[PDB]
Amino acid sequence: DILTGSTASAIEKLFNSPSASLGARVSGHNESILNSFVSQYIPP
Amino acid sequence: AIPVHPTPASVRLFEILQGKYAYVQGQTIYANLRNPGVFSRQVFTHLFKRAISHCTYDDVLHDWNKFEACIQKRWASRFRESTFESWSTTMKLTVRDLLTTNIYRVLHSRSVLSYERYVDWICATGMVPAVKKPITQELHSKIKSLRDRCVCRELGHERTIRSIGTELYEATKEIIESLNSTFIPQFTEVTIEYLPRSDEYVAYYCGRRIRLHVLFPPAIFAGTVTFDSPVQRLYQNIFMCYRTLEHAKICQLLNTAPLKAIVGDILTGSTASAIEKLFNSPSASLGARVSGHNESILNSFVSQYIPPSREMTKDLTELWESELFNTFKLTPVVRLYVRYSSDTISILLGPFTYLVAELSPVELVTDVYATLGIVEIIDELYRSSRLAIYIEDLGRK
Amino acid sequence: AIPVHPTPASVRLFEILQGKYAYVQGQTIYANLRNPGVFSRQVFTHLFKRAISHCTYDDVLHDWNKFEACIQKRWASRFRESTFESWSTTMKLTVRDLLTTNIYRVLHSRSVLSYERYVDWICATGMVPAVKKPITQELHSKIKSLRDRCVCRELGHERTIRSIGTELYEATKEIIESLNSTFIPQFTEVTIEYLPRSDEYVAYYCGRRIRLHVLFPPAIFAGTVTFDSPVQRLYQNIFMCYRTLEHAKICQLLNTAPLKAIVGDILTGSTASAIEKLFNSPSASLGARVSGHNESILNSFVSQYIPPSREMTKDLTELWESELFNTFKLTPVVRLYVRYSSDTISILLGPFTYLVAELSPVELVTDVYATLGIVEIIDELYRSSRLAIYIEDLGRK
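Protein chains in written order, with the authors' numbering: chain B, 434 to 477; chain A, 18 to 92, 99 to 287, 434 to 503, 509 to 571; chain L, 18 to 92, 99 to 287, 434 to 503, 509 to 571.
In isolation and in its complexed conformation, chain B is listed as follows:
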C-alpha cells in the first residue's frame, strides 16, 4: 500500500503516525540534564 499508493493519502497517513517523532527520556525522577548531542553514525 505504501510502496504503491496515491502519494497524497500516503503522506496524509504518515504525517499523523507515531513513527514520525522520536521522544527519548533520561531521568531518575530528580536528575537533570546538562547537554545534548546528536549523531548519525551507521556502522559499516
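Take the hints with a grain of salt, since some may be wrong.
Derived pair list, reagent style SDA-like, types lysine to any residue, alpha-carbon separation capped at 20 angstroms [stated by the list, open to error]:
1) A:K37 - L:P240
2) A:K83 - L:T73
3) L:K571 - A:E85
4) L:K272 - A:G438
5) L:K272 - A:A441
6) L:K283 - A:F448
7) L:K571 - A:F107
8) L:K483 - A:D484
By construction, these hints were calculated from the structure, which means they are not laboratory data.
Chain B is fixed; fit chains A and L onto it per the hints.
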C-alpha cells in the same frame, strides 16, 4: 502428522518465484530455464533418430537402381556421376521435408505434461508431485488424424518413404501417450504431508493419495521445516532487502515537508494552478508532538537520513545471479546469452525424463544439441545417421 | 464464478503496454517484437517453396530443347555453352519476377488475423482468445481477381510458367482462407471467466462462448489472480517507480518559493514584464501554518530534500531490457540491432501458427531466414530449390 506445504512460511516462499516481493535484475535469469526449450529439443532429436536409423540398406539399393534406370532411358561414367549426385540431393531434401513438418504438429500440440511446472517445484521445494491421467478419448482421434495424415504423406512414390513413415507413426504414437499421461498440479490445491512414523511423504490432490518424488529431502529439525532448494537459502536475504524498500519509502515521505516544526494532473498541469493547489495543501508542513500533558521539551535536532536502497538491490541482484549459476551450473556466452550445459541436463532433465515422466526408450540431449539452432541439428543428425554411410557406400560404383 | 479479466487489477496491467504510467527506455524493446515482421516472412517463404518445388524435370527438358532449337536457326560446343548460360539466367529472372509481385499483393492485403494483437495477449495475460469468422463475400471476388490476374500472367509463352502459376493460385487460395478466418479481440470487450468446478477458462465475446487457448495458466491462490506472463512480475517495480515521479513533482513544487516562512508567454517574453508579473504573484512566498488555536511552536527547520528520480528510472530501464531478453531469448546485434533468434520462434510463432491460427501445411522459419533481407531469401531459396539441381543436371550435355 506435521503440516509442510500449506503454511504461511511455504506459500510465501512460492510467490517469490512469481515475483511479488523484491524482484530484481538477477531473478530474471530464473526464467531462462523455465522455457519448454530443451525438452522440445530432445523429443525432436529422439523421433528424428528413430525414424532414420531403422531403415535398411537393400531398399536404397534398388531405389537408386529404379532411379538410374529412369535416367538411362532419357539422356558414361561422368554421365552416371552427375545423376547420382542429383538423386542423393533430392533424396536428402525429401527426407528433410518428410519429417520436420510432421514432427512439429505433434510437438506444439497441447500436452498435460508441462516442463514449466516441474521447475517451479524443483526450485523452492525440492520435491515434485505427479498425478496419473489414464487417457482421454479425443487423443485417440488425434492418433487417427495423424494416421490419416500419415497415408497422405504416403502419396509420394518412393520405396524408403513408406518404410520411414510407418515407424514415425509408431514412434509418435508411443511418445504422445506419455506426454499426456502425467499432470502436474500448480503450486496450490495439493498438500504434502510428513508422517513421522516410517517417515515418508504423502500428497493429497483433492482427497486422493498420489505419487510424489523427493529429490532433495527437507530437514525437519524438530520445530520447523527447512528445504534444500536454492530459494530457501535466499529467503533471508530477500526479505532483508524488501523490508528496506518498504522502509526507504517511509523515510522519503517524512522528509517531504519543506519546513518542519515542533508543536508544543500534477505530472501534466498548468504549473501555476498546480503550485496554487499545493501551497494550501496539508502536505506542506510537518507538525510533530511529544507530550505527556505535563512534560516539557529540552532540545530539538533535525536529520535527513535516508537508508541505502540502491546499494542493497545491487548486491541482491549479483547474489541471485551467482546462486543460479552455481547450483544449476549454467554457462553464459560471453553477458550476451545464457545457455544450458551438460551438468544441468543430468541435474534437471535427469529426474524428469526417467523418474516422473514415464519415458523409457529415450536418450538425453548432447550439450551441443541443447542450444544450437534447429536446422543445425537436422543436418548433423543426417551426417551422423546410419543412412548416410549407406549412401556413401554407393559412391564406389 | 470468480471474475478474472475486467477488473481494476488487470485493465491497469494492460495499459502499461500501451504506455501510460512509467514508459522508460527499456520498454521500447517490447515494440521490437510486435511488428507483422517474421509472420509476413514465413508466409512468403512457404508460398515461394511450394510454387517452386512442385515443378517437374521433363518439362524443363523440352523447354530448353525449345530454346536451343530457336538459337540453332539463328547463329559448336562453345556456341552451345554461351546460349545455355543466357537461357538459364533469363529463366531465373522470369521466375523471380513471376512470384514476388504476385506474392506481395496478397501479403499486404487486409487480414482479420493480426499478429500484433496476439502478442499483447501473450505478454501481460498469458492466454489468447480467438473468434471464428466463417467467410466474407468480397474475398471470393478477391480470389477471382487474383485468378483473373493469374491468367494475365499466363500471357507469357513458356511451358514451366503455366505449371508454376497454377499451384501458386492454389497455394495463395488456401492461405487466404485461413488468414481471414480468425479474428482476435483487442483487450477490451471480452471477459475471461474461471468456473472452479472442473476448472477451465471460458470467454464471452458479447454473449457468445468462443475458443480460448491457455499458454501459461494463471495461479489463483484463493484471494486473487496472478498471471505468469512477464508483465505481472514487473508490475510491482513499475508502480514503485511511477509513484516517485508523481512524488518528485510534489517535492519540486514546494521548494519553488525563494523565501519560506512560519505563519503564526513566460518561455518567450520581454523578461522585464515577465519579472514584473512574477514579483506580484501568489507563487512567490510559502506561508505554512501549524496550530490548534492554542498550540505554540517551539522550533523550525528547513530542508531541501528531493527524492531520487533519475536513479529509479535508470534501473527500471535496465531491468525491462533484461526481462525482455531472457523470457523471449532475443539476441542483439552488437547495441546496434535487436533480432529474433530460433528459441523465440518456438515460443511465440509455435502456438500461433499451429494452435490458434488453423494453419496446417506450413513450416516454421529458419533463424537465418528470420531477419536477413528479402532478396537475400529469394536467391538462397533458388539455390536450395529442387529446380536448381534439375538445371545443373543439364550442364553435362
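Checked hints:
| no. | hint | verdict |
| --- | --- | --- |
| 1 | A:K37 - L:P240 | holds, 17 angstroms |
| 2 | A:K83 - L:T73 | holds, 17 angstroms |
| 3 | L:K571 - A:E85 | holds, 17 angstroms |
| 4 | L:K272 - A:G438 | holds, 11 angstroms |
| 5 | L:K272 - A:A441 | holds, 13 angstroms |
| 6 | L:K283 - A:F448 | holds, 11 angstroms |
| 7 | L:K571 - A:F107 | holds, 16 angstroms |
| 8 | L:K483 - A:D484 | holds, 17 angstroms |
In terms of the numbered hints stated before, the structure departs from none.
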